[PDB]
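Apart from one protein chain that is not included, each protein chain of the complex appears where it belongs.
Should a chain be cited, it is by its letter among A, B and C, assigned in written order, with residues numbered from 1 in that chain.
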Amino acid sequence: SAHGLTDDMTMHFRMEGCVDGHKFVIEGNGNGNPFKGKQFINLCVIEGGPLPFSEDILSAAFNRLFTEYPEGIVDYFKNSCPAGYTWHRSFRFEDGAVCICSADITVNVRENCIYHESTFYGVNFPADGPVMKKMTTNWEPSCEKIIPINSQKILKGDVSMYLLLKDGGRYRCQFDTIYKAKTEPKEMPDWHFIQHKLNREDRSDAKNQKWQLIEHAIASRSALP
Amino acid sequence: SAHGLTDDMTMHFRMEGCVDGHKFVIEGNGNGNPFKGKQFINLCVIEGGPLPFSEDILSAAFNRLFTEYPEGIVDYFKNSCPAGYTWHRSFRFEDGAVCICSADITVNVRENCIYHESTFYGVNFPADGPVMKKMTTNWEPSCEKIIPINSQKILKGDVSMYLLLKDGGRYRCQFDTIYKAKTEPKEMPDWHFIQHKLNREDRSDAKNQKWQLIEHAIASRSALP
Amino acid sequence: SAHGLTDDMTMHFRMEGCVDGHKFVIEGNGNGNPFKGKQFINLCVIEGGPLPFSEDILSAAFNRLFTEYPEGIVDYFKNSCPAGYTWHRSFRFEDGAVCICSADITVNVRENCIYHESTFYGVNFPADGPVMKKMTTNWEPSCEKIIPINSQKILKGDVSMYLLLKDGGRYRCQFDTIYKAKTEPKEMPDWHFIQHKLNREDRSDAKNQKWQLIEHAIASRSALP
Partner (left out) sequence: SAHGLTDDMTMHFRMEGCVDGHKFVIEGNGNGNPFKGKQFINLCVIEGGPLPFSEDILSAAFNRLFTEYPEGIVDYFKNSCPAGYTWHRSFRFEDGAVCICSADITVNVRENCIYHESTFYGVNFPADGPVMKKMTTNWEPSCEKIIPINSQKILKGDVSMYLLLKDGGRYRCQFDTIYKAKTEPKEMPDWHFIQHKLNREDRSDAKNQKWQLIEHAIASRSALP
């Protein structure tokens, strides 16, 4: 297999976190096509549910392997497979709340499964804010800028994000991320953009808090000639 | 003429500004095709030259009429013509320097000329920073998010910008802008992106500090289906 | 009169500015004792009045000469008298509005007075925010950190400010300032604090928008032994 990836893989997730003192554990699975940058993620709160904060704050913690890259842009993430990569991000919300998340991605070639482990921590969500009042519905499609740090062979991501609200409003978050291959890269990409679409569908029931996330991402260069 | 615009117009510019106490006046002219979002700008420092700061900090102050919009996205700027529009922006650089700029755009239909008047103010550029050491070469292509403020019938722009440096480095700037039509809008667009390419070519000589700016901009929605 | 200053002086003030396109000019006078860091400032809007934005945003633009300095901390400001000094400041309000201001202080020993000239520019105050709704009452007492920049013989100021609102809230501003002596410093101070008290008393009437500002400022080191 090239880098051990196939166009129909499974995923396994485990996230441990704490927001304003509330601890939780989430587990899930999923399926996706890394070559088309599309994935389906099924999550369930196994500890700490029901969450007192909007689950949308956690969505972007659940894998750049799921990015459709054109041949003209180096694909740092798939080149890091099957060992995988790690990433660290800060979430700065406009009302002062701050979150930080980190994850480790590994490909289990024999199982055709991607193992994802993450940690998510957040503080100072206001009691009257949209996250504690569960006023959010989904993140708006975005355009992230990816920049190479050639001296360390790592990438930096910059994306101004917006969580859409039930009353028609919007809530801004600045995502600053560092992406690090586990394998020393033999090539580094030039800067580029990654456009993303991420959607959440609640699937909770009387017994468990659960939902599905669907992400589609594609890398590109400037649209201007 | 529709909104008084044609595909081969001229422009007239006048900017008055002050950066860290250094006053200056710039005048220029240009030509462009608003329907293809392309423009050529010729500037000359008529007061305060030679500028002690990199002229690249001023480039984005020189007109969303020059944006190619698809029929599926409301074109707030051309709809504001010929009266025009005004805009206000803050420039926050990573080393603490801050700039603010404002402009007024008007179309002179009989002259087939767009009149642009602007003001630019900046403070606290470090003496050892890339702007005072004139280490910049050009802004990197970007993707700006445009958001409607329906209750005020104005638009908000958000774009993380990067000035490229002569040693291969980059210098970040966050642009926050408010766009306001002079004519009450009869329609408002939905959110969208505006991709931009802006280039500078020095054309100074022993008598004057002068340069040419070339901008190309196109509006779009998410690339993901 | 040390450095051309006395303990009973007068001041002349002139401010020219523009906020979101609204131009204005303020004229005023004042009296105070720089040795006790205490001053009385009488201002009047003679152009652009009545201001469409809260006049409290302009209050800290009206002179570190008025700072009680103890024997043990170097007084950077009085030391440059009577030539004076210049300063440049920026601050970003929590709702995204950004202002930049600069001033020029000159001591007129012949008339035992101070001439103060400043410019104030600001952008993107939300129509529904406290500044445009003119819902402010006063700045809360603060503690600014002053840090020396030895290789340039200039000073950096850092103070987190809070504008109290008629409705009980607090509106935050971050003040970042650079202070520069017009006469080259032979001595530089080490870091220190500058506590300030600034109050606004409205004195408007049918003819003019006008008010009085009262500032009391004292320099100090840490309160802990």
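Just so we're on the same page, a residue touches a chain if its C-beta (ideal position, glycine included) is under 8 Å from a C-beta of that chain, and two chains touch if they have at least 3 such contacts.
Chemist: Considering the complete complex, which visible chains touch the unshown chain?
Modeler: A, C
Chemist: Which candidate, A:46, A:100 or A:223, sits in contact with the chain we can't see?
Modeler: Of all options in A:46, A:100 or A:223, contact with the hidden chain holds for A:100.
Chemist: Among the options C:29, C:195, C:208 or C:212, which residue touches the chain absent from this view?
Modeler: C:195
Chemist: Among C:27, C:95 or C:140, single out the residue that touches the unshown chain.
Modeler: For the chain that is not drawn, the touching residue is C:140.
Chemist: Per the definition of touch given earlier, which of A:89, A:210 or A:216 contacts the omitted chain?
Modeler: That would be A:89, which touches the missing chain.
Chemist: Footprint of the hidden chain on chain A, which residues?
Modeler: Counting over the whole complex, chain A touches the hidden chain at residues 18, 20-21, 86, 88-90, 92, 96, 98-100, 102, 104, 119, 121-124, 127, 151-152, 176-178.
Chemist: Given the full complex, what residues of chain C touch the hidden partner chain?
Modeler: Its contact residues with the unshown chain are 140-143, 145, 147, 158, 160, 162, 170, 191, 193, 195-197, 216-218, 220-225.
The definition used in the following text is that only the chains that are shown with their structure count from here on.
Chemist: Can you figure out the chain closest to the middle, judged by Cα centres?
Modeler: Nearest to the common C-alpha centre lies chain B.
Chemist: Once every inter-chain C-beta contact is counted, which two chains account for the most?
Modeler: Result of the pairwise contact count: B-C comes out on top.
Chemist: Any idea how many Å lie between the Cα centroids of chain A and chain C?
Modeler: About 46 Å, centre to centre.
Chemist: So what's the Cα centroid distance for chain A and chain B, whole Å?
Modeler: Measuring from centre to centre gives 33 Å for this pair.
Chemist: List, in ascending order, every residue of chain C touching at least 2 other chains.
Modeler: none
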